[PDB]
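Undergrad: As a plain string of letters, each chain reads:
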Amino acid sequence: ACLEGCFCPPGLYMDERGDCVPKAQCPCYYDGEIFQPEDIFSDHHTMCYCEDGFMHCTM
Amino acid sequence: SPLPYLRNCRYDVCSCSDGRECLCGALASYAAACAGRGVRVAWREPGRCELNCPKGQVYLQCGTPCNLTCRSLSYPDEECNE
Numbered sequence: 682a683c684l685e686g687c688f689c690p691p692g693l694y695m696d697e698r699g700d701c702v703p704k705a706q707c708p709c710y711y712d713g714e715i716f717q718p719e720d721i722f723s724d725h726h727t728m729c730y731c732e733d734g735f736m737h738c739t740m
Numbered sequence: 600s601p602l603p604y605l606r607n608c609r610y611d612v613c614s615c616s617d618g619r620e621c622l623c624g625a626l627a628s629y630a631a632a633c634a635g636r637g638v639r640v641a642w643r644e645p646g647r648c649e650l651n652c653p654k655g656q657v658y659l660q661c662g663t664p665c666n667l668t669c670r671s672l673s674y675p676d677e678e679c680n681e
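From first to last, the protein sequence lines are chains G and I.
According to the deposited numbering, the first sequence is numbered sequentially starting from 682.
According to the deposited numbering, the second sequence is numbered sequentially starting from 600.
So here's chain I without its partners, still in its complex pose:
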């Protein structure tokens, strides 16, 4: 149900010091629950708070955090049920 995650935005954007990120930490509270049930949403734009991955990295929507870190190659036999 989106109706509360909408109710919690209007209490955050009017209350906090910077309504820029308070907005874009509340919309993610909804996508993080939509994703916990199965639905991924593509809601990032240059206006709607796309994060700035550094020059080494690139933005990515749905990826595997198992073959990323250099510690993985040192301990490959470990399971990554992520």
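Isolated chain G, as found in the complex:
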């Protein structure tokens, strides 16, 4: 619904530490694991990175 509470402006998104930040340093939550805004990351076969909040995986 259209709820009531404490938000921050649309350019800013909520971070875990109470502050809210733009989507540049908004971490990724792949498989529960909290990855930093720039984390290149791969097993042998898969290839994944965190750009701006989303986790871009490939194969």
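Calculated directly from the structure, the hints in this document are not laboratory data.
Hints are supplied without guarantee of correctness; some may be wrong.
Distance windows between CB atoms, simulated [as the list claims (entries may be wrong)]: (1) G:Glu685 x I:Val640: 26 to 34 Å; (2) G:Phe688 x I:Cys652: 25 to 33 Å; (3) G:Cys683 x I:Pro645: 42 to 50 Å; (4) G:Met695 x I:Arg609: 34 to 42 Å.
Virtual Cβ for every residue (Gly too), placed ideally from N, Cα, C.
With chain G fixed as given, assemble chain I onto it according to the hints.
TA: Same frame as chain G, now just chain I:
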């Protein structure tokens, strides 16, 4: 002996995605061993990776993690041999 902790830096700074924190997580690997034997070092600068404690907190070199958390006052009789 520092010579390996130097050898492990040059393999980390050239290999990882961001050599900023790879540097400052390798220098701490040495201070954390110097401190495990008795020697504390003051190696933090605005250039050499001083961490940003939030506005509520302040940086501190050698302190007591016993009278910090609010859970301590609820269970004071417990020992803190830290």
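Undergrad: Confirm or reject each hint.
TA: Hints and how they fare:
no.: 1; hint: G:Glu685 x I:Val640: 26 to 34 Å; verdict: 51 Å, violated
no.: 2; hint: G:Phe688 x I:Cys652: 25 to 33 Å; verdict: 26 Å, holds
no.: 3; hint: G:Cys683 x I:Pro645: 42 to 50 Å; verdict: 45 Å, holds
no.: 4; hint: G:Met695 x I:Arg609: 34 to 42 Å; verdict: 39 Å, holds
Consistency with the previously given hints fails for number 1 only.
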